[PDB]
Amino acid sequence: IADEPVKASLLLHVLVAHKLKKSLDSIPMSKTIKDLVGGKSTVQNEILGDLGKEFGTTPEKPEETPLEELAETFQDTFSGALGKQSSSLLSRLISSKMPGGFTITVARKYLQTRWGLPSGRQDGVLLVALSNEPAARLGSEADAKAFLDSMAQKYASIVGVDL
Amino acid sequence: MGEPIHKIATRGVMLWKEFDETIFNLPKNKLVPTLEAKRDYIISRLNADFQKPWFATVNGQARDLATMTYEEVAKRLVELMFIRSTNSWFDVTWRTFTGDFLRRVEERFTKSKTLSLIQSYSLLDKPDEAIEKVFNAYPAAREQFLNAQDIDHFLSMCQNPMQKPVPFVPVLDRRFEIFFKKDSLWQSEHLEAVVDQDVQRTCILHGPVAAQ
Amino acid sequence: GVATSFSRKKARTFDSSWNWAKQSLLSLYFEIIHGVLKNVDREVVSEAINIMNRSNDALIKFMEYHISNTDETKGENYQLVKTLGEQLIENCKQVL
Amino acid sequence: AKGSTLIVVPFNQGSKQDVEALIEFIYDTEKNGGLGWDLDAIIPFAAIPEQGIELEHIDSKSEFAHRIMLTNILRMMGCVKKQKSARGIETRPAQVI
Amino acid sequence: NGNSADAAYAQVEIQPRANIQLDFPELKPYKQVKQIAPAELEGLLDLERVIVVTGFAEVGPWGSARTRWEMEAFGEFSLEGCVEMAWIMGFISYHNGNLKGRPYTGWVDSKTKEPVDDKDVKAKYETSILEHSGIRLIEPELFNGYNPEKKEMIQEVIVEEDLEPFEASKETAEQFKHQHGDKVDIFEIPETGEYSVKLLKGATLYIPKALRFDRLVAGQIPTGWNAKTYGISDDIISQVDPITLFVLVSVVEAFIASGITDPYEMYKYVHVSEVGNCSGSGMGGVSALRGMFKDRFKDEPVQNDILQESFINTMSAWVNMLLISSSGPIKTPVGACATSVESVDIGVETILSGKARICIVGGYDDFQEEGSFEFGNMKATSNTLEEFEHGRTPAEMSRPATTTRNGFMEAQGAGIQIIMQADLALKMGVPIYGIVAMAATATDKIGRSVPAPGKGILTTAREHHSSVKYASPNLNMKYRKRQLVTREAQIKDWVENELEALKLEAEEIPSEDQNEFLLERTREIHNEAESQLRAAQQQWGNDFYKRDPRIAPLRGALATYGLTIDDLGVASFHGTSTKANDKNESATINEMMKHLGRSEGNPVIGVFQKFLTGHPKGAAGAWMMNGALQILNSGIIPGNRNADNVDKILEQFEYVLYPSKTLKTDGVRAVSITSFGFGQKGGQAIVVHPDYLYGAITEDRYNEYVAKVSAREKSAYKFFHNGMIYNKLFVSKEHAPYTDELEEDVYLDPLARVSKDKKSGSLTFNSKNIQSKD
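Chains as they are written, first to last, in the deposited numbering: chain A, 140 to 302; chain B, 850 to 1061; chain C, 389 to 484; chain D, 727 to 823; chain E, 969 to 1742.
Hint data in this document are derived by calculation from the structure and do not stem from the laboratory. Certain hints may be false.
Only some residues are given here: those of chain C computed to face chain E with a beta carbon under 10 angstroms [unchecked claim]:
#1 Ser395
#2 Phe402
#3 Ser404
#4 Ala446
#5 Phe450
#6 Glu452
#7 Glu464
#8 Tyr466
#9 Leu484
C-beta atoms are modelled at their ideal positions from N, C-alpha and C, and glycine is treated no differently.
Excised from the complex, chain A in its bound form:
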């Protein structure tokens, strides 16, 4: 399958979703962060700090503009490199939720083998996995394999890839 670097749009959506502890679909792309976190002033500047040290440079007054053009303004400079937040969140996802012995290298290898996804798509499927964190502990290899399968399906359906 053709390589494709992760879109700032997907990364932004996954980071916001994960940070609010909400399903990747529940958050609509065309809404300001301020509307999503209306009350909590703490989670406001906490999401802004997370997007700061993810995408380096941030637009002036970013929290009262919808995620539509924020994705575009980041994408302009952003070059599909996971950065720090998403790398640390994926490490935590693997180490805190995997069978044991099944590391991120083995997950990526399993994606590359069975689904034939290169590093660009692997980053994307893993970000989708982060958005749907099993919030427990995958029991056996078979459970983790099935989980990665169901995540690869969702990723493919989001980006528009066939398997």
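For chain A, the structure is supplied; the task is to place chains B, C, D and E on it using the hints.
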């Protein structure tokens, strides 16, 4: 269904026309907020001018179902659906409706399994003594507004299709057009069964040109 | 069938008759005031017996107070309780 | 009534060890963990119902019932005789109803 | 004769539907309530200094105050109680629509969605309801998988031989390197760019081990209880400590019991600065403390603001932020087991000091693993393994005043009461469940045992008896009324003399300014006449015994309403079911009664509610106060059904009776509520029957009140049933009653009041009603 109809321009049809222009043309999303806003106007006009009055009205005061006692409700049913002149229920399905409501009252205010006081709805063919009998066995029902479940049950009985439509609007919601416009043709031929025997409430179909 | 059930630790002891006497009297006193027990009821004599069988100086003063502060003008049932009281206080004094 | 006490204990009259333990409990002193009583009466009305069991049906349940209603009533009495004798009690007999 | 001849014979059976009632206090005719109180009471009391319990609620092991009371007083559920329990526990849910083709309106099983008739609820769910309510084996699924039979710990081991290297990210490898120093080797992997971590010999690891803990039983809120069922949104549920949900439900349910469906209604009557929150906890959000002390240490994912959720003052903050939007006092006490009585003590004084006119008072505490374990280590709680050895079932492990009592049962929940000035309660037409006659706290003395119960609260019965030959004229209500009448004539003279002096001063002012001058000075003389009368009433009616050392605060509190020490019918005991507590509290109440000359043979009737609910700590007295008010307004005194055998030691306390069965009495006039916290927190409260208030007002004011209450009750029953069936009892305020521009204008005008907005239909502060002359 949105078909044009020539009617005699009575107060009722004037009301109908007004609502067609101002309420029933509005899109489904803006219908309910407009009804809420205009509730007190809409209820006054129904009660003054139309052949289907606002049901929840006690001594001319515009209540709601939620703010009406079970006795107030039963007396309003007998006042709208039982003809004093002919000393009979206009429709037998209306008598059933009223009995169903009295049995619900006994169900809500009895402490243990008992016999209904209304054993056959034929007893309601003298409605005042039947009311007094039910609200003497259950005098708590004179003082308590309708349970939210009984409001829901009432509104459910008002949409029963194996029944002549109710001669009143019980609620302002998304189905206000159906409550207002359904079964509007019999009243002109049965003025005894209209609020004040007022023709000016009713819909009378008639050609503009044949009216010369 | 022959499984052992007995254990010393599971033995339950009842011996607080001094407390139950006052409860028994009070329950009677209110049952007569509420007209649950009438003057013809044999359970009024059974409860008398039970209160006499537990009589002491704490119970006698408990009865004296509750009976000598019953307002008989409040109803028939109050005159009935006050009459039966005064009798029961005499009985409980004789059987102390 | 005044000076009465009631002591409710769980007990299987079917069990020999329950019978020994119950009597040995009633007759132990308060320090050792018992009532430090000395029985004046024994009323052994423990029974289990046998209905429909004729001679050819006599089985486990009947043989058990017979241990509750005879054998272990002789063990209760025996135990009460052993305890009274042990404590040299010869003028306070326990009436068996 | 066919089947048509027997159809007219056949007759219809009416099955009952549950018609749940808010059990507002019954209001007698003025003629009957005038007889209970002395004739001198009318006009005597300053009703702005009389505190009343206007509304109450709880969340606890038996559901609500309604369901708890049925279980406490009657030992079994009614149709109403059973339906209410099934709704709370989530077994039934309302349905109004299409159900398998036919249109249905009623209860349906919440899993199958099959219709359920109210009559069938007891046959279908009562067994489940009883099995999963009250004091019962700890349910792990209610405490984040906590199982006292398998209690996780970690033991520090030293490595003896190197571990198989494991994969880790660069960051977490550096973190493993930073901690272990030279006892670990982290190497980058060139291929992929992550790191291998090898723990060497002498490295420190923590290996999980499971301890079997001996406290297996607790008073837990019924299984199924969900804040969503009352209408609390998922974004609140996620944010806050589970304790806060109990407080938020208790506070809306208390407001409903007060007939206040919209809290903003209060602001038609009082400024925003006059609604206080005086409620408190012993430990606050212990689930958040776990979060920040254990879950953070174990690198588990915890919300960043978990700190704020732990503070005891944060539950009252959420109540202000979501329901009340007041700017009134906020005084959060921390009294351990006496918290809820300290809360009433503070809230009474907050109102008597003029700072607030309404307080929310009460307490709340959670049950979690760490507190359960620590209570076991102090041997405060009953050891459940010993109770099984004694053949006790969980239901009969809390048994106060019993011979064999051996530690309290930990429970969880909240209890709230709304208190306010009688004057405002009558004016608003809210129900009145009881008068708070007295509320006090006491420490004990010099000692070295923080958990030791003491006798400091004995001081509420402190009286000089050196010279008691002649009864003081101060106790005689006629004398006090005669002195108030003398003073009322002198105030009348004083107002005549100020009004003539104002007329003399008006002539010097030019006629164009004379109107405004006379308005401004007449209002001031009105204010100062009100103030002087209220001070007379206060000095003769309410506070006749503050400067008297021959009148105990406890005696004076009852004498206010014409009652005597003999009229204190019921004493709700802390009664935890511990050796030291139950003797000490008996002994204390006994000394109070004996000192105040309580009649020989008139013991107070002990009520030990913790036999049913268990000891919820903070919330303990808030439950006892909710039961005291239910005792008063019913005359039913519940029995301690776990009082198998009253301790022989307690017999010496002749002024106390320990009943085992409910006594339906002909009226209770007053109830004492005693609590004894950890850290020498003794507390008492006296609640008087509400009918002793109405003796102090006139028939026209009484009849006005009775009409307002009747109306408010009807409105509240409508609110309650709607909210129940559509899961919207709780409705979070999105906006304050003022805008952010009006905020400072409303805060600085004491006579600003909310007005019905026509457009929205909601209660808002309009700009016209701020610094208005009207």
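Status of the hints after comparison with the structure:
no., hint, verdict
1, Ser395, "holds, 7 angstroms"
2, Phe402, "holds, 5 angstroms"
3, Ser404, "holds, 4 angstroms"
4, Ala446, "holds, 6 angstroms"
5, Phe450, "holds, 5 angstroms"
6, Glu452, "holds, 6 angstroms"
7, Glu464, "violated, 14 angstroms"
8, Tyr466, "holds, 9 angstroms"
9, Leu484, "violated, 15 angstroms"
Of the numbered hints given earlier, the model fails hints 7 and 9; all others are met.
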